[PDB]
Amino acid sequence: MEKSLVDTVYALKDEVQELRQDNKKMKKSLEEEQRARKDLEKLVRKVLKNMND
Amino acid sequence: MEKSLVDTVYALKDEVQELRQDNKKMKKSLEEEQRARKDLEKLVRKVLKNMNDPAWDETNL
Amino acid sequence: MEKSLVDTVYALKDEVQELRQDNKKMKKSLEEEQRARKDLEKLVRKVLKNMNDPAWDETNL
Amino acid sequence: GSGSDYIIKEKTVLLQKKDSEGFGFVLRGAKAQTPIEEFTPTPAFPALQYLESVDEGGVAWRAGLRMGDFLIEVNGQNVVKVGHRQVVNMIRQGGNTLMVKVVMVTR
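Protein chains in written order, with the working numbering: chain A, 1 to 53; chain B, 1001 to 1061; chain C, 2001 to 2061; chain D, 3001 to 3107.
For the record, the hints were derived by calculation from the structure and aren't laboratory data. Positions of the beta carbon are idealized from the N, C-alpha and C atoms, including for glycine. One or more hints might be untrue.
[Unchecked claim] To be clear about the criterion: a stretch of chain B counts as covered by chain A if any three or more of its residues have a C-beta under 8 angstroms from a C-beta of chain A, and this derived list gives those stretches:
1) 1012 to 1023
2) 1027 to 1035
3) 1047 to 1060
[What the hints assert, rightly or not] Computed beta-carbon distance windows for the label pairs:
4) B:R1035 with D:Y3006: 31 to 37 angstroms
5) D:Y3006 with A:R45: 22 to 28 angstroms
6) D:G3003 with B:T1059: 48 to 54 angstroms
7) B:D1007 with A:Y10: 24 to 30 angstroms
8) D:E3021 with B:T1059: 34 to 40 angstroms
Bound conformation, chain A alone:
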């Protein structure tokens, strides 16, 4: 328990812990955006191919 800086290791273990939790929320959001984007991207081809044709 003398080697390394010791406390920094657990403090680090701690943030990386937080970091990973985040990637999950962002990965979550990213995917939620992608659904909204496409939902909109559909809503547009309506007033795209239709219009006057």
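Fit chains B, C and D to the supplied structure of chain A, relying on the hints for placement.
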């Protein structure tokens, strides 16, 4: 291996910091996308609100 | 390895390389997401150019 | 048997009408003269113009012309890749007379 261990820890501090900042960037990039779209959304809404039930000048109302 | 520290460290080392990857994937996704949002804007943009000046004309003969 | 077939015809008709009437059809298609549009006369969209509507009982109908029939030639000049506002101007030139060649497409 003792010096080698210290060495590693310091490098992870650097590495962990790089991720810390890289996450703030992304969380931010992701926020532009969120807004950018909702804008398209609002615009398109106007458009889409002109299609069904036409509105194009001369004696509109 | 055989001490609580030496291993806690080689674990994080591992954990950190994972988060590095999840990031290269994350960054690549927003990128795609962005190039896909901007192309929808080009549709919307051109759906507009036609709302205004059609290019399609009609004549009774 | 649902594969995919076409009946790409190519009838040519002769039209005339009294100043007291019109050939009886709505011409629709892309303008031009200085286009940025696509010019691919593929077996899909024969020509820029086409008969969007043909009045039932009027001249154009009394000569086979029908809805969908793409406008290939107005008298002489080949109008397949000519702009709307141009193909029109032509059509008029021939006052109350109009020689035209178009093509039907069944599916």
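Going through the hints against the structure:
| no. | hint | result |
| --- | --- | --- |
| 1 | 1012 to 1023 | holds (count 6) |
| 2 | 1027 to 1035 | holds (count 4) |
| 3 | 1047 to 1060 | holds (count 3) |
| 4 | B:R1035 with D:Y3006: 31 to 37 angstroms | violated, 48 angstroms |
| 5 | D:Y3006 with A:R45: 22 to 28 angstroms | holds, 26 angstroms |
| 6 | D:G3003 with B:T1059: 48 to 54 angstroms | holds, 50 angstroms |
| 7 | B:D1007 with A:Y10: 24 to 30 angstroms | violated, 18 angstroms |
| 8 | D:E3021 with B:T1059: 34 to 40 angstroms | violated, 29 angstroms |
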